[PDB]
Amino acid sequence: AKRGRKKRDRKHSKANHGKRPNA
Amino acid sequence: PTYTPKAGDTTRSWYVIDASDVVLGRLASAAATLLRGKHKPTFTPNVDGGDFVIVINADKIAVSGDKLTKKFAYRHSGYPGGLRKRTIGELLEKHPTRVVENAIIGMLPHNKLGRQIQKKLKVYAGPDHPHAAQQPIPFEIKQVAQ
Amino acid sequence: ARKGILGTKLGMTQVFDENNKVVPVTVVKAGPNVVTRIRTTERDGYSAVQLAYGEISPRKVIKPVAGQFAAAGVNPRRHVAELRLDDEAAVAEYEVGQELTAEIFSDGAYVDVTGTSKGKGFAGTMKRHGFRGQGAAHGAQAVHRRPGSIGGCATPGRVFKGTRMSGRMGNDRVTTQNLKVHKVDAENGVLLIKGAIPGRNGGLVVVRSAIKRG
Amino acid sequence: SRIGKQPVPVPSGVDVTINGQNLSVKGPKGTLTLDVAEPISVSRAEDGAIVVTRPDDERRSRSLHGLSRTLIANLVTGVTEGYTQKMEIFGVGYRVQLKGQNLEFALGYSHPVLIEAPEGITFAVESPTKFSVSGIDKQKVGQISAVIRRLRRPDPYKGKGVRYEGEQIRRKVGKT
Amino acid sequence: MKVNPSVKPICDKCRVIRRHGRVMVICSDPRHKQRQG
RNA sequence: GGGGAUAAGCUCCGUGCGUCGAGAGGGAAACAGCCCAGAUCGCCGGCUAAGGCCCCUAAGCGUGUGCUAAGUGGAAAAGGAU
RNA sequence: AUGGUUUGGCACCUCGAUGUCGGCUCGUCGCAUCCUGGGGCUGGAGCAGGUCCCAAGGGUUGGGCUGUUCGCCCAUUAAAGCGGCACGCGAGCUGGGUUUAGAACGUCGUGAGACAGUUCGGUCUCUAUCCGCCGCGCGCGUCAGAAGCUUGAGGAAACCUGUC
RNA sequence: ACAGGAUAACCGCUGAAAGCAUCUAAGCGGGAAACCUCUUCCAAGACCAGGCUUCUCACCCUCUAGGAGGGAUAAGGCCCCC
Ligand SMILES: CC[C@H]1OC(=O)[C@H](C)[C@@H](O[C@H]2C[C@@](C)(OC)[C@@H](O)[C@H](C)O2)[C@H](C)[C@@H](O[C@@H]2O[C@H](C)C[C@H](N(C)C)[C@H]2O)[C@](C)(O)C[C@@H](C)C(=O)[C@H](C)[C@@H](O)[C@]1(C)O
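Residue numbers (the deposited numbering), protein chains in the order written: chain 3, 2 to 24; chain K, 2 to 147; chain D, 2 to 215; chain G, 2 to 177; chain f, 1 to 37.
Certain hints may be false.
Beyond 10 Å from chain D on every Cβ pair, some chain K residues (computed) [unchecked claim]:
#1 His40
#2 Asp60
#3 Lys61
#4 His96
#5 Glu102
#6 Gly107
#7 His111
#8 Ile118
#9 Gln119
#10 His132
#11 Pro137
The list that follows gives simulated cross-link-like pairs (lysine to any residue, SDA-like), each with its CA atoms no further than 25 Å apart [what the hints assert, rightly or not]:
#12 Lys71 (chain K) - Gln36 (chain f)
#13 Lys141 (chain G) - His20 (chain f)
#14 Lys33 (chain f) - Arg153 (chain G)
#15 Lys2 (chain f) - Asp156 (chain G)
#16 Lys71 (chain K) - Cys27 (chain f)
#17 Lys2 (chain f) - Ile122 (chain G)
#18 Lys33 (chain f) - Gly162 (chain G)
#19 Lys176 (chain G) - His32 (chain f)
#20 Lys7 (chain 3) - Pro199 (chain D)
#21 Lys72 (chain K) - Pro9 (chain f)
#22 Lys13 (chain f) - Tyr165 (chain G)
#23 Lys3 (chain 3) - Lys128 (chain D)
#24 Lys3 (chain 3) - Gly82 (chain K)
#25 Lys121 (chain K) - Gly26 (chain K)
#26 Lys68 (chain K) - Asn103 (chain K)
#27 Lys8 (chain 3) - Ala155 (chain D)
#28 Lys139 (chain G) - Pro157 (chain G)
#29 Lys33 (chain f) - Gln169 (chain G)
#30 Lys95 (chain K) - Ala49 (chain D)
#31 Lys3 (chain 3) - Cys154 (chain D)
#32 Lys7 (chain 3) - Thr156 (chain D)
#33 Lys161 (chain G) - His20 (chain f)
#34 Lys128 (chain D) - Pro199 (chain D)
#35 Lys33 (chain f) - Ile116 (chain G)
#36 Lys72 (chain K) - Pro46 (chain K)
#37 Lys161 (chain G) - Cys27 (chain f)
#38 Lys162 (chain D) - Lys68 (chain K)
#39 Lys176 (chain G) - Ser28 (chain f)
#40 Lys173 (chain G) - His20 (chain f)
If you're looking for bench data, these hints aren't it; they were derived computationally from the structure.
For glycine and all other residues, C-beta sits at the position ideal for the given N, C-alpha and C.
With the hints as extra help, turn the sequences into a complete structure.
Structure representation (structure tokens):
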């Protein structure tokens, strides 16, 4: 559970512009 | 071709920074700049040219906020369950020079050269240092205005 | 303070109390000890006294070692050890050249005797760390004594430094605590320490007043 | 604030010495020392009183004002009048007798308990089941009076133990 | 001392305060005394 | 939008939508599919994009006015709260 | 809403092989605490409890039945904790179970045969290269070459407890 | 083990913001097998490679005389031997 939430969170980074592959 | 330091081109000088009442982060970045020789215009990444930096009054150094009791300095011995931590307040009481050293050590390059730079940093807890024969030049932390 | 004197283990024996109870004592020769040097705070950084013990032919002693004895003004001794005290108020009790004897102790005073254990050589895990074994029947294939599993698998995937396995054992310094001294023999300079002190018959030991009961 | 906006009256027999943010008061009962916070400036009116002032109106100055003023009045009152805390003990076979500067309590324990008086505090026993503790520092007087109060666990059923005179302790009934 | 995510002034004498960043409720009746945690 | 529990890095569809597939270089610490941008070769020249400018780490412990006391920043819900 | 240990959903790594249940030996970690330690509130008189908060240093038994995990039972005990580590651990051990070929019963099938039905029997291979770990040496360094005796930054071990 | 230090839960003292009240914002205290010392052991390859002492503390050759190379030694050590 811990691993999944962290990956979806790091899509919010400034350089990703709110989208990332594999969500 | 751009100029690169030869055999005997490098030169050293000794700086002493009064760590009293200086912020730990601010003092460390100033020392880490000196030790790497960033101030000289003869800088070259693969050749060290930093100037020996002596830090005196290393136990009076001021740490802001609640970091005196809530910031831990961790260390692991390798054995299972071997992780032992000391809050900064305790680490200052036992041996105070460590807090200044680590906060500088983690500012320098981590490669083999950064291990050689460390040999040029002498830090003392008291207000006196034995290196008076080398005539350290007193150094202060200002900021060039733009 | 922490009285101490360098001694030699002689052997074990058996003596009887006034209440007719039997006590198994170890005979320790606490031979005369010569104070060769005193370590002070301003000189060395700790407060300790350096004793010497044993008789050695002066031809045998090596020249660097011989000079240390001559400078202190004493005859060379086989073993030189050092007792660590804890203050300058205790160092003042000692002076170079003063001789210590078995009389410093009294009957009924708890002491801690330190020595090098007996040698046991390459010892298996059934002997070293007191493992169990595996059954000698019901099918055990050639595993009657070997340890067994070492760790997990693939997590951690290493052996976790600190695990207990085979290797050399014994022959290491060890200290026994709160050993009563049954009798202080005056003529022969021998302590009758009730209990079993570590070492091998004729091995050097250090007997000091107990930390806990002292 | 309202507390901080009230000048501190100094009776004629009391001496007040001010050194910036450091304050010391000398009087008949003894000498006390105090230090005030950075935001507040402490000065002396020529009438012979104490006045405290706060420069701005944020939390720090407003909160520190009331404290800093009422800290001095306790300081001045300690060196003219002093503080005496009166206690009394309830229970059967509960005794108090004074030994030197120390105080002993017989609270029903298998052993008797002894309390040592620190510097600046004195114990004066009046009756076996009633005594008093007197000193200069209001905090130190109240502090030791707290420790004495913790000697016996609260007893809602019979009320055995130490008490303050005006204290009213809740009591329930142990029936079944 | 009840420890709940929700603390309320059960009775009229109950007072809601804050000590060391944690909300409490202090009342003369010890039953009402609770703390947010 | 359907199926699912309006779950899945699920599955099935539409899109003169994109990229990877078949794509190097800069950014996201590392990280095919996200953001900037399509590599003809050389240069010890210059200006920029996304992203940054205390030290590692290149360039700001930048200027003005405020806010935060929680290391919030540097994970989260019903709800509680002078 | 947390957790990811249960029954599942998906089919993304491995079918030119990732050995699968129990037991043994060996551990190590979390705290959502069984005992021991500290507290609040009690419809807490005392003894004994109930509930909640802090706390992971140590400890946590021997047997009957079953392949059993689990469970019931017999004696104690201060307690007989819950879970992760490929439902830890088979290049460490057993093979009782399951899941090859033999055989029989019940049931299905006209028949070869079949049964997450039952019963008896049924090969557990390998000289450790590298990381790892337990031990022991050879070389060099510490600004001349050697010998004693040491401070110790940094680690490791231990920490249980009852009755009178 | 005994003892000491800083603490968790919890109990407090002095106290304003907020004429009262509040363990809290400034201060001061108590407080557990947990943490740091205390007990035992390893430990200067701790590259900041440590300290107190003691002994030897001096002889030749070569290239070219700058440094290096070669030999014989002292204190000491090792090998062979019991
Ligand atoms: C005596 C000498 C034999 O040792 C055995 O009997 C071991 C004990 C078998 O285990 C027997 C015994 C047993 C119980 O397994 C231990 C049983 O499971 C099966 C029948 O294998 C082996 C290793 C089998 O492997 C196993 O094959 C399985 C299909 C997969 C399994 N694992 C990788 C997935 C793997 O170990 C396999 C295929 O025969 C290996 C092949 C190459 C051989 O024929 C080799 C040359 C054999 O002559 C032999 C090794 O010399």
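- Task: For the pair supplied as a hint, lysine 176 (chain G) and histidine 32 (chain f), confirm whether the alpha-carbon distance does not exceed 25 Å.
- Result: holds, 23 Å
- Query: Under the criterion that the straight-line Cα-Cα distance not exceed 25 Å, is the pair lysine 161 (chain G), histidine 20 (chain f) satisfied?
  - Reply: violated, 34 Å
- Query: Within a Cα-Cα threshold of 25 Å, do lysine 33 (chain f) and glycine 162 (chain G) meet the stated pairing?
  - Reply: Holds, at about 24 Å.
- Message: Holds or violated: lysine 7 (chain 3) and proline 199 (chain D), Cα atoms, limit 25 Å.
- Response: Between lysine 7 (chain 3) and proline 199 (chain D) the Cα gap is close to 58 Å, so the pair fails against 25 Å, i.e. violated.
- Restraint status (C-alpha distance of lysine 72 (chain K) to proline 46 (chain K) at most 25 Å): violated, 33 Å
- Message: For a C-alpha distance cap of 25 Å, please report whether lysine 176 (chain G) and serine 28 (chain f) respect it.
- Response: holds, 23 Å
- Message: For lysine 162 (chain D) and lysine 68 (chain K), compute the direct alpha-carbon distance and say whether it is at most 25 Å.
- Response: violated, 33 Å
- Task: Report holds if the minimum CB distance from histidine 40 (chain K) to chain D is greater than 10 Å, and violated otherwise.
- Result: holds, 39 Å
- Exclusion check [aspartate 60 (chain K) not at the chain D interface, CB over 10 Å]: holds, 21 Å
- Hey, does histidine 132 (chain K) actually stay past 10 Å from chain D on C-beta? holds, 22 Å
- Query: Keeping to a limit of 25 Å between CA atoms, is the pair of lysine 13 (chain f) and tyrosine 165 (chain G) held or broken?
  - Reply: Holds, at roughly 23 Å.
- Item | Separation of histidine 111 (chain K) from chain D, once the least beta-carbon distance is taken, above 10 Å | Non-interface label stands for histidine 111 (chain K): nearest chain D Cβ at 24 Å, farther than 10 Å.
Consistency with the previously given hints fails for numbers 16, 17, 20, 21, 23, 28, 33, 35, 36, 38 and 40, ordered from lowest to highest.
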